[PDB]
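Below you'll find only one chain, the form solved without the partner chain, shown as structure tokens.
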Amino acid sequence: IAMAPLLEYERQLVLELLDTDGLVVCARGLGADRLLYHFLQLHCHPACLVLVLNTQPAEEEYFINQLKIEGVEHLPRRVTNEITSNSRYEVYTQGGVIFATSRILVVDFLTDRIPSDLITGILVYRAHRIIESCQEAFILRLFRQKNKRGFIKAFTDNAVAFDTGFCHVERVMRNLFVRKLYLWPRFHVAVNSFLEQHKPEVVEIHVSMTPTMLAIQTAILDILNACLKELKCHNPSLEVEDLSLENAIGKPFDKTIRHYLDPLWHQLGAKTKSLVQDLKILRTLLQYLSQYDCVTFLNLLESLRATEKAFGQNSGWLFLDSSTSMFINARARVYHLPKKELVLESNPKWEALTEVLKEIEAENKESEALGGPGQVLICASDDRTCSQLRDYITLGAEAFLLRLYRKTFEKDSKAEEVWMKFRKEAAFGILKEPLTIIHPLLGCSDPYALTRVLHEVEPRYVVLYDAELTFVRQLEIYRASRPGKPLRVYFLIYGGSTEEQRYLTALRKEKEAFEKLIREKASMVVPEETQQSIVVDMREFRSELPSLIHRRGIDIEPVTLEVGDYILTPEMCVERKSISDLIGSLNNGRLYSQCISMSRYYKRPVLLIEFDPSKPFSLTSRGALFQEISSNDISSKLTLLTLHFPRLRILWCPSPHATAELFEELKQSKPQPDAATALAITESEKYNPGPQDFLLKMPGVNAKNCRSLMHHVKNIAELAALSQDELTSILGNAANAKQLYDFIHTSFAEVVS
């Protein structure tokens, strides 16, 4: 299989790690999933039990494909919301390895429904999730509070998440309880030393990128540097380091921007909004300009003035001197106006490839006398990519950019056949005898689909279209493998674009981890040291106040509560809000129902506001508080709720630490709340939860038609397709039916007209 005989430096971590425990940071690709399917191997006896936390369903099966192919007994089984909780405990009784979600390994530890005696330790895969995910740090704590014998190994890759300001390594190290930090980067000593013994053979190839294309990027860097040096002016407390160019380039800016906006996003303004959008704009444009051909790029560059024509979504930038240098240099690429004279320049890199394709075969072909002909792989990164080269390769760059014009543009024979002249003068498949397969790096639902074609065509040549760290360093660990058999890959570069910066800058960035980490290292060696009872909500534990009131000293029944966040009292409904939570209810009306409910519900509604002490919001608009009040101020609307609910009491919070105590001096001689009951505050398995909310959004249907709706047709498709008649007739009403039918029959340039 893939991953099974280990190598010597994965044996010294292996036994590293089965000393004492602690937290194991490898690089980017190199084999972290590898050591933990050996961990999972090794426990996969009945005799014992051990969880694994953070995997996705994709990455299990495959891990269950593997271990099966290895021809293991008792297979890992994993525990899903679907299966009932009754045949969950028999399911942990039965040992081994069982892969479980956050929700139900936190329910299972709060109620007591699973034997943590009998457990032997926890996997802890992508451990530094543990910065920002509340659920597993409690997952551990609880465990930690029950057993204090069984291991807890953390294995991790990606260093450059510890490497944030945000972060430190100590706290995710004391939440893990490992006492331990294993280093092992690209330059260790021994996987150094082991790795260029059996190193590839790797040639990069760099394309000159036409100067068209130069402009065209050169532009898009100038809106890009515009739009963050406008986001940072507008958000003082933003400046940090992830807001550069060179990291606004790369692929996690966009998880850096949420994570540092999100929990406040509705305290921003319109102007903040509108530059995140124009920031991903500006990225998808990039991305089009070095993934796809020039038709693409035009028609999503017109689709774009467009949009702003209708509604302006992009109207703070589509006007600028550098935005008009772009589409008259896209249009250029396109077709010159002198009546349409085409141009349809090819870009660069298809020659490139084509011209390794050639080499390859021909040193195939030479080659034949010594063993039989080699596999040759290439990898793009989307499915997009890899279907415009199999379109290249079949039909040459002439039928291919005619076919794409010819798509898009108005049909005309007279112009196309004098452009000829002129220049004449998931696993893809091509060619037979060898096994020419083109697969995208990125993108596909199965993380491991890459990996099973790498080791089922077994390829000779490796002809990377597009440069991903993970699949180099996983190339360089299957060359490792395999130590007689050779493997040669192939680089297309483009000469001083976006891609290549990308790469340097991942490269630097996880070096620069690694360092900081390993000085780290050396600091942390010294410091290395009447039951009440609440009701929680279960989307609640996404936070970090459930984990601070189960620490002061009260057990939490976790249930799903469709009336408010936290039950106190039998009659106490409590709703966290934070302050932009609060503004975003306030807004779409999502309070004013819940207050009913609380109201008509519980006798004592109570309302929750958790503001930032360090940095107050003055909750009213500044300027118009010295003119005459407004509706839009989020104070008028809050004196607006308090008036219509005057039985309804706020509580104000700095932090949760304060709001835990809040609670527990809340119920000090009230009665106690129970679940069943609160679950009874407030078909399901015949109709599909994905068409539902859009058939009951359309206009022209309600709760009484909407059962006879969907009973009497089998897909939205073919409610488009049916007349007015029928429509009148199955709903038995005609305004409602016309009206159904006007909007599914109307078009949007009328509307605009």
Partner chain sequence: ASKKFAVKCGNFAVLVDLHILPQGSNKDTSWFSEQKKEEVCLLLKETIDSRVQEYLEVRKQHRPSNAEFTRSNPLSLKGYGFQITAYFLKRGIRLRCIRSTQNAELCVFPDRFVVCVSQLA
Contents of the next structure:
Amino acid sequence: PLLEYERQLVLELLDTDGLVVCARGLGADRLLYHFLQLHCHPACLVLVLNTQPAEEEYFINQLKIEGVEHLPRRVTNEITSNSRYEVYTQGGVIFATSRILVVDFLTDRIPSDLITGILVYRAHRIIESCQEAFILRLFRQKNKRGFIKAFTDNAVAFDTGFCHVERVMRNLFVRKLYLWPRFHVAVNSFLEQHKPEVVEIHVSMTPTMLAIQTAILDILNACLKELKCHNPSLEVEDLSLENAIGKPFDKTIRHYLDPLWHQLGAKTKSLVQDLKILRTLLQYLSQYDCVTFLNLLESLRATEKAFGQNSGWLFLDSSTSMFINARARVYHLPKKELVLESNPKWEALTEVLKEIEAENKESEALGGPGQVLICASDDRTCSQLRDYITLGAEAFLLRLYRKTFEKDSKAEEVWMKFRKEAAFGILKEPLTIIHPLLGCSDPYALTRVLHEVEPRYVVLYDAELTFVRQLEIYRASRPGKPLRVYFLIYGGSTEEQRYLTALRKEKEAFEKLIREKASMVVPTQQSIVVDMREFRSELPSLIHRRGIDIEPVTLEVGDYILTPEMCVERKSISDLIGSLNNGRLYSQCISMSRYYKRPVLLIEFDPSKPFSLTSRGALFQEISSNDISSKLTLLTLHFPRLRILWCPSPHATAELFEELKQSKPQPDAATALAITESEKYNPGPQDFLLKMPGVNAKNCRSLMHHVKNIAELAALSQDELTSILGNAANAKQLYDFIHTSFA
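Show the other one: the form deposited with the partner chain bound, since we just had the form solved without the partner chain.
Here you get just the chain by itself.
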């Protein structure tokens, strides 16, 4: 079916290959499905890179619905390596993960000359994920004939100053860029002839709910300013107060702090924890009821007393205002004259549902009754909405209050008065369906629900840009059937601010992309064994570029094997500090020295921002054991055979690796791999079984056969533990561990 502007886009992409940036929610899955339907042939094989299992299953099922033989097949690590060559020879669309594709391309267990193309969904991941760049470099190194089409929503991902569209565009080997924003003439003119009957209600917050938000925002602003003060390099505009409200703030704070985490300090990590807690406090305030908010507030103070997690801001003069306001929301102490206030959004939802039911009970004869779909943010909100509708405000709030707090009857009845002051068959009646949006996991899940149940009315209890665009596209797909979308938003809150910031960020990102596109218009063999987890970095790509091939295996001893007697552990300054303090590096050195004749430790420092590697304030004090320099000296003193390589960048590390093997023989896999039941004994509960006291290897291995699960493990008494374990002391220790309070 497609559309008009969508078919123009498809024709343009069937022309000279390139990458397509659409507006958030403008049916990128539809374009991917169109290309999959095009390439479901058995005489060709294309690879789709970044897709979720749910999206892949939906695509396969829809293609089966259409009546297509030779459906797409999914290839994952579970399939045996020799069997993976079978599905490649079968042709057709192949859903593959980055890791197995890297392994297959490097080991040449894939007909790289038979690949007719590659489709890169979510092409904005090329910016930071070095695996896909390596896959595309390897593919272009062998085929040079197949196509590369890339699709992406999230035009904001190119708006950050760290990245550049030209670099990622060159990584994809495309050389042509297609921009399809929401204000594009072809799409805007077409979407104006099939617009939905949107009606939005601006629900006003309670004055008590406003004070809580004001206090939380004050605390968040203070913590952000403190974080900026301690990290002058973090003064970037990406950490403004209006950006901390948004969803993707955690990703930016990780990108700016994760590479140098262990050298950050003590207060900075606590400040990041406070930022996360304040953001989840904002979410709880805007989303859930009053009793749940009070529960989270009180539990937050409970752990501060026990450990002191939030001691920085929990005792602030503004924080006490939040506690008092929450208590006034739930309690009233003059004996508890409970208030149990409900947030206004439920009343707006009730009014909307009443109007919808009135319309249905007025116009049954004009077709069917019509179905209503309610979209909420997550599962908790959906459950709360269903309980509120089925029970009522009073019963629901009383149930929550009694379940959590102390159950009272004499005080409860006083509040009630003040508040007042068939087995089988087709339903053939209006149905209300509550659906969790889950925007972060897979935004294109609202489209599947919309196509599964065709709703005459949609209530957007929680709204994001992608869902608005999806509802706009869904209506235009049916030119005759109308729908009315209700847009419930909290007036003058952080939800409205977040939505408006998303709007303006997308618009400015698309304008910047347009300008960037305009400006750019005119322009013997040797091997190294590389650990699998090391491909999330640029070093394996730079090593391969120098002309030496890579054999990727799972290495339990070291990251690189340059020679038969050599082993390199790659540690940055942050990871070196973390491993020295943790104690992992000592065990790694022990194993490497035991197994390899020439163990090597590689440290990658930063010439631009060097780290002192010595404790601050100890420059003039005595030698401190907690210092990193002292720990490094101790380690090199206890391992005289260990050799250390210092490199300033991954580019220099590759050169050193190439030079370090000038005449030595090459290594081989299955020898470093074999350096070091397994199929049984699920890794999940195995570690939990191992870590509690009373079990080293033999007693635990014996006991897990007798006991079906750890669920009933707590049921056994001390004597049964003595009988099963074989000892009474360890059994007593385990029983005391499993049955003890917090004291």
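Residue numbers count along the first chain shown, from 1. Rigid core: the largest C-alpha set superposing within 1.5 Å between the two forms.
Please name the one residue from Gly443, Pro263, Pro616, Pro252 with a C-alpha displacement of 2 Å or more between these two forms, using the rigid core for the superposition. Between the two forms, the residue that moves is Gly443.
Taking the rigid core as the superposition reference, indicate whether the CA of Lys148 shifts 2 angstroms or more between these two forms. No, the C-alpha position differs by under 2 Å between these two forms.
Rigid core fitted, is the C-alpha displacement of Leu195 between these two forms 2 Å or more? No; that C-alpha moves by less than 2 Å between these two forms.
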